[PDB]
Each structure stands twice: as structure tokens, then as C-alpha cells.
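Enquirer: Chain by chain, the residues:
4 protein chains.
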Amino acid sequence: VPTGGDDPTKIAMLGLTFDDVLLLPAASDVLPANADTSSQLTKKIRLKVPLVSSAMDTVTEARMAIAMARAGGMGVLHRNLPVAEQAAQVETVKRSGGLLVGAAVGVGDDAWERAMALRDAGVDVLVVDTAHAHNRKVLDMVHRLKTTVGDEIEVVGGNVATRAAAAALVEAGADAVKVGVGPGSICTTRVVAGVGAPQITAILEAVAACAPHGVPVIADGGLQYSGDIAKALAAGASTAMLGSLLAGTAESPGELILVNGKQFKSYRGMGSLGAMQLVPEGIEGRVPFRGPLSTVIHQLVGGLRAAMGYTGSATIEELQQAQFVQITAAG
Amino acid sequence: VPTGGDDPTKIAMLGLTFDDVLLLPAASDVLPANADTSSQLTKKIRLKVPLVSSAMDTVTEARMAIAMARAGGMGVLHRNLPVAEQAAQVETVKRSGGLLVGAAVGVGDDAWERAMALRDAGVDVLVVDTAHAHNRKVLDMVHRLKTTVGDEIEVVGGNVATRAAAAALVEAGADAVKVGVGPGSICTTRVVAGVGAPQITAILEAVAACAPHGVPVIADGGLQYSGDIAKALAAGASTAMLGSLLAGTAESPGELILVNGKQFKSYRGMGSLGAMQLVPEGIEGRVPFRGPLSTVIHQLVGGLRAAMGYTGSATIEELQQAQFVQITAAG
Amino acid sequence: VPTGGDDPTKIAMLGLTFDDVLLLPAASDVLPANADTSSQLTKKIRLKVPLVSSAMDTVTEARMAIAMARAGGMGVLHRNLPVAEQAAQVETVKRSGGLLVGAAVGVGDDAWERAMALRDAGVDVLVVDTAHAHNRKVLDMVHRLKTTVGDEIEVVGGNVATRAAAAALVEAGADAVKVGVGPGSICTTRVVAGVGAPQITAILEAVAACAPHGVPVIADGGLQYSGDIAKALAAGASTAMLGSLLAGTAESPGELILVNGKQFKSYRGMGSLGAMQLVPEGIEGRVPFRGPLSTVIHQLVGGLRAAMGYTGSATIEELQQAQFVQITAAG
Amino acid sequence: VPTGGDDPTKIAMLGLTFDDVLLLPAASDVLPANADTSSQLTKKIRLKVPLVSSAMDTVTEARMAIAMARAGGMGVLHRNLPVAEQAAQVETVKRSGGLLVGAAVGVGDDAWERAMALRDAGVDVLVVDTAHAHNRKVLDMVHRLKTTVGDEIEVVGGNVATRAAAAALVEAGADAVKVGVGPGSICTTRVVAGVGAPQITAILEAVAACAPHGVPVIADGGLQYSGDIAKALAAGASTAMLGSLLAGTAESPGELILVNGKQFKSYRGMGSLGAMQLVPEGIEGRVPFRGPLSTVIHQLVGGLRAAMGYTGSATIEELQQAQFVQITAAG
Ligand SMILES: O=C(Nc1cccc(Cl)c1Cl)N1CCN(S(=O)(=O)c2cccc3cnccc23)CC1
Ligand SMILES: O=C(Nc1cccc(Cl)c1Cl)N1CCN(S(=O)(=O)c2cccc3cnccc23)CC1
Ligand SMILES: O=C(Nc1cccc(Cl)c1Cl)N1CCN(S(=O)(=O)c2cccc3cnccc23)CC1
Ligand SMILES: O=C(Nc1cccc(Cl)c1Cl)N1CCN(S(=O)(=O)c2cccc3cnccc23)CC1
Ligand SMILES: O=c1[nH]cnc2c1ncn2[C@@H]1O[C@H](COP(=O)(O)O)[C@@H](O)[C@H]1O
Ligand SMILES: O=c1[nH]cnc2c1ncn2[C@@H]1O[C@H](COP(=O)(O)O)[C@@H](O)[C@H]1O
Ligand SMILES: O=c1[nH]cnc2c1ncn2[C@@H]1O[C@H](COP(=O)(O)O)[C@@H](O)[C@H]1O
Ligand SMILES: O=c1[nH]cnc2c1ncn2[C@@H]1O[C@H](COP(=O)(O)O)[C@@H](O)[C@H]1O
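Chains as they are written, first to last, in the deposited numbering: chain A, 15 to 291, 315 to 368; chain B, 15 to 291, 315 to 368; chain C, 15 to 291, 315 to 368; chain D, 15 to 291, 315 to 368.
Watch out, some of these pointers could steer you wrong.
[Claimed, not checked] Just a few of them, taken from the derived set where beta-carbon distance is under 7 Å, the chain A residues facing chain C:
#1 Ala26
#2 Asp33
#3 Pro96
Think of the hints as simulated: they come from the structure by calculation, not from any bench. For each residue, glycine too, the CB sits at the ideal point set by N, CA and C.
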């Protein structure tokens with residue numbers, strides 16, 4: 015073995031991230047303005063725009079969930095607050111029309127009662143929200159929800175970063191699998207635990223377990239540019255979940271911050287010291326202020342539409358078949 | 015598959031850019047001062063110097079086209095202005111002697127009338143000027159021009175970055191194929207759409223489709239140093255098109271700018287907000326002021342001549358047979 | 015041979031460092047709080063926490079050795095002082111309870127008398143402390159110690175960075191093998207001599223010689239983050255030795271330094287000019326002040342515990358079987 | 015072909031530079047202080063220290079040549095001055111004892127008379143001094159010198175960077191071959207012409223042609239640290255030529271410069287505008326002031342001695358058999 019020892023499987027793969035690849039142009043009859051951007055969030059739910067907002071207390075409360083739904087995507091309400099308050103944010107969203115909404119739950123002792131209160135409030139999607147879903151307690155929660163409320167509610171499980179973990183969630187009955195262990199902009203799991211998986215390779219592996227069973231993959235974390243959305247979907251994901259890219263919008267929670275003559279908003283990991291209030318796996322930081330959500334979403338979808346034009350992809354299902362070129366450090 | 019999934023073709027190639035390679039020295043009888051730098055721009059047109067200026071409104075209007083022709087190259091007049099004005103710039107150039115000139119046209123509804131007005135003005139070369147030529151509307155335009163005015167005018171099509179796209183332009187009747195999707199200094203297509211192709215690999219692939227049919231390749235975008243001209247031609251291109259490297263010259267349009275005691279000129283993408291006046318795929322920037330064009334061209338051709346000496350290349354056709362070494366990040 | 019010459023063995027391997035790899039998540043029944051972090055320092059000695067402090071005069075004297083033992087690890091007392099003084103630091107530690115302690119010795123003419131004085135003082139571990147253990151004088155010292163005092167004292171030999179060197183120490187009778195030639199934060203051997211071996215590959219190679227003989231490997235140098243501890247142990251090491259990461263603690267020797275409104279402590283190589291008082318192979322630098330040792334160790338072990346959770350490793354022996362993904366520059 | 019086109023030989027090799035490799039430690043009986051650092055400069059001439067100074071007008075005139083010889087190496091006098099003046103510097107050196115000295119000559123019309131005047135002055139080594147020796151005029155000059163004055167004078171030819179070019183100089187009768195096209199610290203050939211060859215690979219290739227014929231290789235350019243000397247010799251070179259590393263010494267030509275409270279000396283390429291007084318292939322820069330030559334040489338040889346200890350190399354001939362590990366960007 016060229017890199018050491020006598021076991022070829024010790025270093026199991028070469029992991030690529032978004033910056034390691036570009037989409038190749040292909041024969042096209044598609045105008046960007048005419049592409050169909052709709053895609054499956056879950057087995058039963060299709061969104062007009064393939065984007066959802068992170069379940070974080072500096073990204074998604076009621077106002078963000080309403081704006082995301084109106085723009086054709088969806089919000090996932092965070093769970094760092096009392097059960098009755100999260101349930102009330104669900105009703106606030108449903109009171110603003112027939113708008114789709116999701117909400118996060120954990121696997122702790124209070125997680126089941128939270129899930130039932132969210133169901134009573136009319137939630138459309140429950141997200142079993144963990145850092146490591148390849149675990150019996152998490153698989154059991156997904157299965158119990160699906161068997162109990164699965165006719166009226168779609169159940170998402172995550173997060174995973176390997177083929178085997180994605181396969182286990184499929185078997186447990188997940189309606190979608192969420193992919194991302196380590197890639198987030200505010201994540202320190204890579205340096206604190208030494209654990210992670212570059213996202214392009216993680217998506218390719220998860221899709222190999224999920225697509226043959228008709229289960230959509232949500233790419234969660236590490237997306238820095240509108241072009242990364244196109245890359246994640248071409249690797250086989252059906253939607254992307256965004257934190258940093260939406261945290262700078264007017265609709266996110268938290269105050270406007272002025273430093274050195276420039277405007278920012280606070281953005282913090284749910285594993286940071288501040289959010290937990315210990316060995317933190319996130320930081321508390323800030324992102325540039327970007328203006329209204331509707332305008333940010335227009336620009337992000339605009340980049341996706343351009344990629345669909347260059348690759349000849351009339352639908353997101355066609356984009357999932359596009360090819361990459363791998364690039365070097367120089368490029 | 016070491017990088018993920020079960021499909022070896024998903025990541026189709028490893029793409030190299032100019033900074034990834036160097037030309038290897040070889041046995042030589044050639045003095046730099048005695049090399050023959052002439053090369054085919056198109057099937058019928060041979061230039062004394064293998065260089066043309068970009069069709070951009072901060073690079074090429076009448077003054078630049080006149081200076082480029084006198085230096086032994088050619089200018090391509092931009093199309094971001096009324097038809098009658100572009101046609102008048104063509105006549106201005108022809109009034110300064112028997113000087114070669116080209117002009118860009120699109121594929122929109124007004125593109126045919128623009129092309130006919132340019133023909134009436136005495137243009138030598140028409141460039142069908144798009145970001146993605148692998149498309150029936152673009153192929154149809156190239157073919158219609160060649161069948162209509164092709165006896166008196168040479169027709170260039172572009173841009174492409176794959177073997178299959180280059181092959182389609184050849185079949186449509188192109189007299190030259192222009193290569194470059196994503197590499198430009200002011201380009202944001204890579205980050206906005208996630209689309210592109212590193213230029214050395216793009217040129218190697220396009221040449222594999224074009225050279226067997228006797229059709230010259232124009233390398234367009236990403237050239238930062240005089241040494242990159244030699245690299246592009248050794249990869250098999252016949253000429254190079256330059257934007258950033260000529261935008262700082264006296265003959266380019268736009269004002270001299272003074273910031274922090276240093277002189278600059280404005281340089282902007284044709285896909286920037288300013289040029290289009315939306316999801317922009319270019320930026321508005323600036324480049325250092327470089328002085329007269331004739332002097333810049335002397336230095337660029339001087340570097341090319343040095344490469345021809347080191348590689349034993351008496352002509353550009355011989356340089357197209359030179360070999361590379363691939364280098365690492367450290368180098 | 016693609017990289018030059020006709021000998022495939024001239025460039026013998028591709029060496030990976032900690033930053034080149036991440037640990038992959040795996041199926042897990044393990045909670046971080048419930049993992050067993052105990053591990054073999056030597057054939058006979060098992061520590062509660064798999065960490066020891068460097069034998070350096072800005073890292074480990076009596077106070078550090080006492081604090082390390084109380085936290086469940088061990089200190090190795092430096093040898094840059096008179097024999098009678100080092101022996102007295104050993105007794106100081108033993109006077110603070112039944113605490114484990116080690117001490118460094120060289121291979122010079124005074125090394126044997128130093129070793130005997132340390133034995134008389136009640137030392138638990140002798141570390142034969144060199145930059146290059148693949149040498150007859152060093153192997154002879156290890157063997158002579160083991161045959162003379164080996165029933166009551168465990169003998170460590172180092173440092174090495176190849177399979178063959180580790181194998182030689184095993185044959186000589188070492189109770190543990192210490193790995194690291196070139197990787198230290200304050201090391202200049204790589205630039206002064208041009209010699210070294212990236213640590214992940216060095217650990218994989220040393221373990222291939224040591225594990226089949228039941229001899230533990232100590233990973234020494236280059237560890238910058240708590241996550242690097244998990245990586246070193248997963249590559250097959252049984253403990254890690256830390257210099258820079260503990261030099262900023264209250265218990266290390268040396269004064270608090272204030273520069274630009276920030277607090278630091280001095281940290282210097284044992285091969286720096288200052289420590290030797315010549316061709317130095319270390320620098321004299323500084324590290325940020327970090328507070329009490331007990332608190333730093335809590336955070337480091339916290340990161341290790343997180344890695345054990347993500348990888349499903351109930352013990353350090355299970356962690357030694359975990360898998361890596363290799364990452365690129367971009368990642 | 016993964017990187018483009020259909021020709022596997024177009025990208026002929028992967029080129030490594032000094033920063034891409036480290037020397038692996040090996041079994042050793044060698045103390046650094048006891049290593050034998052002597053090595054062949056040419057077929058007949060052996061130096062006590064394997065180092066020579068560059069033929070540059072900011073590195074080597076009489077004073078530097080005298081100091082280099084006394085330190086056990088040799089100086090090569092530059093040729094950017096009148097013939098009678100260069101010949102007088104040779105006699106100045108010979109007047110300071112029985113000291114070895116070399117001098118550069120070109121291949122222009124005045125080169126033969128320069129060579130004869132240097133011979134009359136008592137020069138020991140003539141260096142045919144070009145940027146590209148794979149050329150009939152250069153090969154003819156080497157052969158004519160060897161056949162005319164070869165009994166009393168050793169003849170060096172260079173520079174080359176390929177196996178075939180080195181082989182041609184051997185056939186022409188060279189007593190040593192000098193390797194380096196593009197690597198120098200003040201070189202811009204890589205960016206101006208796009209031509210070069212990373213030095214480790216260039217040395218491995220040149221040695222494959224020269225060592226079977228008993229002809230020594232001089233590694234010229236790109237050496238930045240004392241450790242790079244050990245790397246060049248392990249790749250198979252017999253000596254190293256130094257420019258930047260000796261330009262900062264008291265004995266080099268040119269004035270002490272004070273900028274921002276720090277001391278520097280001027281250092282310029284022989285292809286810079288200033289030296290030629315045009316398309317320059319070098320820059321005019323500065324290096325930190327380093328003090329007396331004897332002290333710099335002591336430190337450089339000290340690093341070499343350390344490498345010989347780590348690798349078990351008793352002589353330079355043994356060091357030429359040492360092995361490398363290739364490292365990544367991270368390392
Ligand atoms: O429950 C947790 N750890 C834990 C507890 C018991 C067993 C096991 Cl195996 C584990 Cl891993 N944590 C620690 C990590 N965080 S996090 O930083 O906020 C975070 C949240 C969501 C997505 C993440 C993706 N990758 C990194 C971290 C992410 C959630 C709470
Ligand atoms: O017509 C366009 N897009 C478009 C419209 C309809 C269908 C399709 Cl498939 C597409 Cl791609 N655009 C957007 C890009 N720009 S550009 O940025 O100014 C530009 C111009 C020329 C060379 C380019 C090389 N690579 C990147 C961009 C370049 C031209 C106008
Ligand atoms: O004894 C030494 N050299 C020496 C003497 C005789 C023969 C031989 Cl083969 C050698 Cl290598 N030295 C020089 C290096 N240092 S050091 O920098 O302080 C140092 C100490 C411990 C771990 C090291 C890991 N890698 C680099 C250097 C390290 C110790 C003293
Ligand atoms: O004679 C020259 N060029 C030339 C003239 C006629 C034919 C041919 Cl094939 C060539 Cl290449 N030059 C230009 C380069 N320089 S230089 O920059 O000062 C220089 C000097 C020595 C070592 C070099 C190593 N690699 C790069 C450049 C180096 C010498 C003068
Ligand atoms: O504290 C944390 N540490 C690591 N990952 C987190 C943390 N908080 C949230 N995440 C995840 O990071 C995603 C956002 O990543 P981003 O879009 O790159 O900023 C979220 O959707 C979570 O999956
Ligand atoms: O706005 C833009 N975005 C991307 N590419 C552009 C744009 N405008 C012009 N180009 C292309 O970039 C080339 C110039 O690249 P440069 O020489 O690297 O600056 C031009 O000839 C066009 O092919
Ligand atoms: O001066 C030196 N040069 C090279 N290595 C040293 C020196 N002093 C100590 N070391 C080694 O570097 C280790 C500490 O590395 P660190 O934890 O990365 O700072 C020590 O345990 C020694 O093995
Ligand atoms: O102007 C120049 N351009 C390129 N190479 C040069 C020039 N002048 C001298 N050289 C070569 O660069 C070597 C010095 O390289 P250095 O030791 O890295 O600074 C010299 O011995 C020459 O072979």
C-alpha cells in the first residue's frame with residue numbers, strides 16, 4: 015500500500031468536495047428561463063424550487079418558513095425552544111395560507127411528545143434531526159413515526175455520510191435521507207473530533223443506496239455559492255438545505271450588526287457554546326447582510342437555471358444525470 | 015469507484031489549466047529572433063502574429079482593431095452597440111489601409127441583419143459569439159452564414175469546451191472553432207452556475223475533433239502571461255484571443271483610473287451588470326495600465342519566440358507538436 | 015517511472031499527514047460519555063487517558079508530571095538538567111501519592127548513571143530519548159536497560175519513522191516504540207536536513223512492525239488539534255505525546271508573556287540554540326496561554342470521546358480499527 | 015487519456031521539485047561530524063565540500079572565488095565584463111595560493127578568445143554557460159574545448175533538464191553536466207516562455223544519462239534551504255551550484271541596502287534588464326544580508342552532515358543511493 019501499512023481498505027476512498035469539481039457543458043435545447051426547477055423533497059412532496067432552510071435558531075423561525083414556502087421552497091423550524099412555542103410557530107405559518115412547513119425533533123425523552131404536538135399543529139414534514147443517524151435509537155424513532163403518523167406526515171431522517179448509513183435509514187422507512195457529517199460553514203467537528211466526509215463523495219455514496227429505492231436525498235451543509243446547488247443536484251441529490259447562504263437575509267432571526275462600516279448578521283452553530291446554553318462542535322460567527330429572502334432565492338435559482346442551460350437539463354431529474362470534470366488546486 | 019458511487023463515467027476526466035503544465039525543452043536549431051510566428055486564424059486566413067483581441071466593450075473598438083492589424087494580428091469588434099455604429103467602425107478600419115478586421119454577432123432576431131450590414135461594410139471575419147455553441151440555433155446560424163456569404167467571408171463559431179461540441183461546429187461548416195467556457199479573468203460562471211472546463215484539457219479535446227478536419231482552434235480566455243500563449247498553441251490551438259492582457263493598453267476603450275497612486279483602466283465582463291445595462318456571470322474590475330499596444334504585443338510575441346527557441350519549433354505547426362511536464366502545487 | 019529515472023523504489027511511498035485524512039462515521043451504539051478511553055502506554059502499563067506530555071524544558075517538570083498523572087495520563091521529565099536534579103523531580107512526584115512518572119535519558123557517556131539514579135528514585139518508565147533510534151548504540155542501550163532493570167521498569171525507545179526501524183527496537187526488547195522524525199511544531203529538521211516522514215504514514219508503517227509483537231506505539235509530534243489524537247490512534251497508535259498543545263498551560267515551566275495585548279508562553283525545541291546553550318534543528322517560539330492543564334485535557338479527551346461516538350468505537354482497541362477518507366487541498 | 019486528447023505522450027511526465035519530497039531515515043552508523051562530504055565536481059576534480067557559487071555579477075567575482083576555495087568548494091567567475099578583466103580576476107585568485115577556480119564563457123563570436131585568455135591565466139575549469147545546451151553550436155564548443163585544452167582544463171557544459179540533452183553533452187565530451195532550466199529564484203522563464211522542468215525530476219533524468227558514463231551532475235538553481243542540498247545529491251547530483259543562498263554574504267559584489275530597518279543586498283538575474291544593459318527572463322531583487330561566507334557555508338554543510346547521519350550515508354556516493362517519500366500540499 016503506497017500510503018502505508020498492508021491494508022488497502024484502511025484508507026477507503028478519496029473524498030471530493032464541491033470545489034474539487036465543475037459541471038461539463040453538453041448538447042442543449044434548454045433556455046435557462048424555461049427549465050423546470052421542481053423536485054422531490056420527499057417520496058410524496060414535490061417543491062417548485064429545490065431548496066429548504068436549515069433548522070437553526072439563527073436561520074428558521076416562522077417568518078423565514080413563510081417566506082421560503084411563498085418562494086416555492088420550504089422552511090424547517092428549529093427545536094431549540096419549548097415544545098408549545100415550536101408548535102405555535104407551525105400554526106402561525108399555516109395561518110398565512112396553505113403553506114408547507116417542516117419542523118425538527120431529536121431522539122431524547124421529550125422528542126416524542128414534541129412530535130405529537132407538531133402533528134396536532136398541522137406540520138407537513140417531521141425531520142429527525144441528529145449529527146449521526148446510523149444508530150438504533152435514531153432508526154427506531156424514524157420507524158415509529160412512520161408507522162404511527164406516516165399516512166398524513168412525511169418523515170425525514172439524518173444526517174449520514176456513507177452508503178451503509180443511508181441504506182439503514184431506507185430500511186427503517188425514511189421518506190427522505192439527509193446527507194452531511196462535517197461540511198457546514200460553522201462546523202468544527204472536523205477539527206474537534208477529526209471526523210467528516212467531503213460532500214460530493216458523500217452524496218454520490220448516499221444516492222447509490224437511496225435512488226434504487228425511490229428515496230430522495232437532501233444535501234445539507236457546505237454550500238457556499240449558487241453553483242454548489244447545481245453541483246449537489248448533479249451528484250444525485252434532489253434538494254439542498256442552506257444555512258449560511260440564508261442567514262444573512264432579512265427574514266432570519268437575530269439583529270443587524272455593524273462592524274467597520276459594514277453590515278452583518280449573527281450566525282451560529284447549534285453545537286456552539288451559545289446555542290447549547315461542554316465540548317462544542319460549532320462556532321458563533323457572522324455573515325454579510327444580504328437583504329430580502331425573495332431576492333436571494335431569485336439569485337440562487339438563477340444560477341441553477343444557468344447550469345441547466347449549459348448542461349441541456351430540462352428538469353432536475355435530467356440534471357441528476359450530468360457529468361463532472363475534476364479540477365486541480367491551480368484551477 | 016474511488017471517488018464515490020458505482021459509475022466510472024460520472025467524473026469523466028481530470029481537467030488541467032495553464033498553471034498545471036510547463037513546456038519541456040528539446041533539441042533545437044532555432045534562434046528566437048528567426049522563428050516564424052505566422053499561423054491560421056481560419057481555414058483561409060493566416061496571420062503574421064497568432065493573436066486576436068476579445069470582442070468586449072472595454073477591449074476592442076476601431077482603434078484597437080487598427081493597431082492589432084498593424085501589429086500582424088486582428089481585432090474582433092464588440093456587438094454591444096447599434097448595428098449602424100458597429101458597421102461604421104468596420105469602415106473606419108478599412109479606411110486605414112488594407113487591414114483585416116472581424117466583428118461579433120449573436121443568434122437573436124436582430125443577428126442576421128447585423129451580419130448583413132457588417133458584410134456590406136467589408137468585414138473579413140464574422141464571429142458567432144455565444145457562451146454555449148452546442149445548440150441547434152447556434153449551429154444553424156453558422157451554417158446559414160457559411161452557405162450565404164461563405165465565399166467572401168470566413169465564419170468562426172464558439173464557444174465550446176468539449177470534443178463533441180467542437181465536432182458539431184465542424185459539421186455545421188465552421189472555418190474556425192473558439193474554445194473557452196468558464197476560464198476568463200472576469201468570469202463568474204464557475205461560481206454562479208458551477209460550470210466550466212480547465213483550458214489545457216478543453217483545448218486538447220477540441221483539437222482532437224478539429225485538427226483531423228483541418229479546422230483551426232482559437233484559445234479564448236484564461237491567458238495571464240505571455241508563457242500561456244506558448245502553452246495554448248502547444249496544446250494544439252492555432253491562435254489565442256486576449257482580453258485582460260490587452261485591456262490595459264492605450265488603444266482600448268475607457269478612461270485611465272488613478273487609485274492609491276497607481277494607474278489602472280476599467281475592464282468588465284460582457285455578462286456583468288454594467289455591460290448588460315438579472316443574474317450576472319461576469320464582474321466589473323480593473324487592470325494595471327500597460328502603455329501602447331505595439332509595445333505589449335512586442336513583449337508577448339517575445340515570450341512566444343523564446344518558447345520556440347527552447348522547444349526547437351521553427352514554425353507554429355512545429356510548436357503544436359511540443360511536449361509538457363505536469364507540475365504540482367509546490368512547483 | 016512517471017516522476018523520473020528508471021528506479022521505481024527511489025520514491026518509496028506517498029506520505030500522508032494528519033490534515034490529509036478524516037475519520038469516516040460508522041454504525042454506533044456508543045455514547046461519547048460512555049466510551050472507555052483507557053489504553054496501553056507500554057506492554058505492562060495501561061493509562062486511564064491515552065496522553066503523555068513531551069520531555070521538553072518548556073513542557074514537563076514536576077508540576078506538569080503530577081497534573082498529568084492526576085488527569086489519568088503521564089508526564090515524561092526532560093533531561094536538560096543535572097542528574098541529581100532530575101532524580102529529585104521524580105521523588106517530588108512520588109511524594110504526591112501513588113502517581114506514575116517517566117523520565118528521559120540519552121545514549122551519551124553519562125546516560126547510564128542518569129538511568130540508575132532515576133531507578134533509585136522510583137521512576138516507572140525510562141524513555142531512551144533520541145532523534146534517530148535506528149542505530150546500534152541506541153538499540154544497545156534499550157537492550158541493556160531491559161536486561162538490567164526490566165522487571166521493575168518499563169523501557170521506551172525512539173524516535174523512528176519506518177517499519178524497519180520499529181522492527182529493530184522490538185527485537186532489542188522495547189516495551190513501547192515512539193514514532194516521529196520531523197513532524198514537531200517547533201521542528202526545522204525538514205528544512206535544515208531535508209529529512210522527515212509524514213506522521214499518518216509513519217504510524218501505519220511502525221504499527222505494521224509493532225502490533226504483531228504486542229508492542230504499543232506512541233505517536234510523538236505534529237498533533238495540532240484534539241481531532242489529531244483520534245486520527246493517530248485510528249492509524250494504530252496506542253497513545254499520543256503532546257508538546258505544543260500542553261506548553262500553553264499553567265503547569266508548564268516558563269513565564270507568562272504579554273505581546274500586543276495577548277497572553278503567551280514560551281515554547282522551544284530541545285534542538286534550538288537556546289536549549290543547547315552549532316546547527317540547530319528547532320526554533321524558539323511561543324504559544325497562546327490556555328489556562329489550567331486539567332481543563333485543556335478535558336477538552337482534548339472530549340474530542341476523542343466524540344470521535345469514538347461517530348465511529349462506533351467502545352474502546353481504544355476498537356478505534357484502532359476505524360477507517361479513513363483521504364481529502365484534497367480544497368477540502 | 016484522462017487529462018485530454020488521445021496521445022499518452024503529450025504530457026510526458028509528472029515533475030517533482032525539492033518541496034515535493036523528503037529524505038527517509040535509514041539504519042545508520044554515521045555521526046554527522048564524521049561523515050565525508052567530499053565529491054566530484056568533474057571527472058578529474060574532487061572538492062572537499064560539494065558546493066560551487068553561481069556565475070553571476072551579484073554573486074561571484076575574485077573575493078567570492080577565493081573564499082569558496084578556502085572553504086573547500088569553488089567559485090565560477092561571471093562573464094559580464096571585458097575579457098582582460100575576467101582573466102585578471104583569475105590571476106588574482108591564483109595569487110592567493112594554490113586555489114581552484116572556474117570561469118564562464120558563452121558560444122558567441124568572442125567566446126573562443128575569452129576561453130583562451132582564461133587558459134593563459136591558469137583557470138582550472140571552463141564552464142560553457144548557456145540557458146539551453148541541447149544545440150549544435152553549444153555541443154561543438156564543448157567538444158572543441160575538450161579536444162584543444164582538455165588535458166589541462168576540465169570542461170563543464172549546461173544547462174539541461176532532460177535525459178536526451180544530458181546524453182548529447184556526454185557524447186560531446188563534457189567533464190560534467192549542469193542541470194537547471196527554469197528553477198532559479200530570480201527566474202521568470204517559466205512565466206515569460208512557459209518553459210521549465212521541476213528540479214528533482216530533471217536531476218533524476220539527467221543522472222540516468224550521465225552516471226552510466228561516469229560523468230558528474232551539477233544541480234543548478236532552485237535551492238532555498240540547506241536541506242535542498244541533501245535532496246539534490248540524493249537524487250543523484252554530485253555537487254550543487256548556489257545563487258540566492260550566497261548572494262547575501264559579505265564576499266558577494268554589490269552594496270549593503272537598508273530598507274524598513276532591515277539589511278539586504280541586491281541580487282539580479284543575468285537575464286534581467288539591468289544585467290543585459315529586449316525580453317527579460319530574470320528579475321532584479323534583493324536578499325537578506327547573511328554575514329561572512331565562511332559562516333554561511335558552515336551552516337549549509339552542517340545541514341548536509343545531519344542528513345548523512347539520518348540516512349546512514351558515510352560518503353556522498355552513499356547519499357546518492359538514499360530514498361525519498363513524496364509529500365502532499367498539506368505537509
Ligand atoms: O448529538 C451530538 N453528538 C452525539 C451524541 C451521542 C452520540 C453520537 Cl454518535 C453523537 Cl455524534 N451532537 C454533537 C454534534 N451536533 S452539531 O454540531 O450541532 C450538528 C448538528 C447537525 C448536523 C451536524 C453534522 N455534522 C456535525 C455536527 C452537526 C449535534 C449534537
Ligand atoms: O447567452 C448566455 N447564456 C445562455 C443563454 C441561453 C442558453 C444558454 Cl445554454 C446560455 Cl449558456 N449568456 C450568459 C453568459 N455570457 S458571458 O458571461 O458574457 C460569456 C461571454 C462569452 C464567453 C463566455 C464563456 N464562458 C462563460 C461566459 C461567457 C453570455 C450571455
Ligand atoms: O542527536 C541528534 N542528532 C544526531 C546525532 C548523531 C547521530 C544522528 Cl543519526 C543524529 Cl540524527 N540531535 C539533533 C536533533 N535533535 S532534536 O531536534 O532536538 C529532536 C529531538 C527529539 C525528536 C526529534 C525528532 N525529529 C527531529 C528532531 C528531534 C536531537 C539531537
Ligand atoms: O541565450 C538565451 N536564450 C536563447 C538564445 C538563443 C537560443 C536559445 Cl534556445 C535560447 Cl534559450 N538567454 C535567455 C535566458 N538567459 S538567463 O535568463 O539569464 C539564464 C541563464 C542561465 C541559466 C538559465 C536557466 N533557465 C532559464 C534562464 C537561464 C540566458 C540568455
Ligand atoms: O454547530 C454545528 N456544528 C456542525 N454542523 C452544524 C452545526 N449547526 C448546524 N449544523 C449543520 O450545518 C448545516 C448548515 O451548513 P452551511 O449551510 O454550510 O452553513 C446545517 O443545516 C446543519 O446540518
Ligand atoms: O462576463 C463574462 N463572463 C464570462 N466570460 C466572459 C465575459 N465577458 C467576456 N468573456 C469571455 O472571456 C474572454 C477574456 O478572458 P481573459 O483574457 O482571461 O480576460 C473573452 O474573450 C470571452 O470569451
Ligand atoms: O528542537 C526540536 N526539533 C525537532 N523536534 C523536537 C525538538 N524538540 C522536541 N522535539 C520533538 O517534537 C515533539 C513535540 O511536537 P509538537 O507536539 O508538535 O510540538 C516532541 O515530543 C519531540 O519529539
Ligand atoms: O536571469 C536569469 N533568469 C533565469 N535563470 C538565471 C538567471 N540568471 C542566472 N540564472 C540561473 O539561476 C541560478 C541561481 O539560482 P538560485 O540559486 O535559485 O538563485 C544560476 O546559477 C543560473 O543557472
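Enquirer: Please go over all the hints and tell whether each is borne out by the structure.
Expert: Against the structure, the hints:
With its C-beta approaching chain C no nearer than about 5 Å, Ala26/A sits inside the 7 Å limit, and its interface hint holds. Taking 7 Å as the C-beta cut-off, the interface hint given for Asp33/A holds, the closest approach to chain C being about 4 Å. Checking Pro96/A against chain C by beta carbon gives a least distance of about 25 Å; that is not within 7 Å, so the hint is violated.
Hint compliance for this structure: hint 3 is the single one not met.
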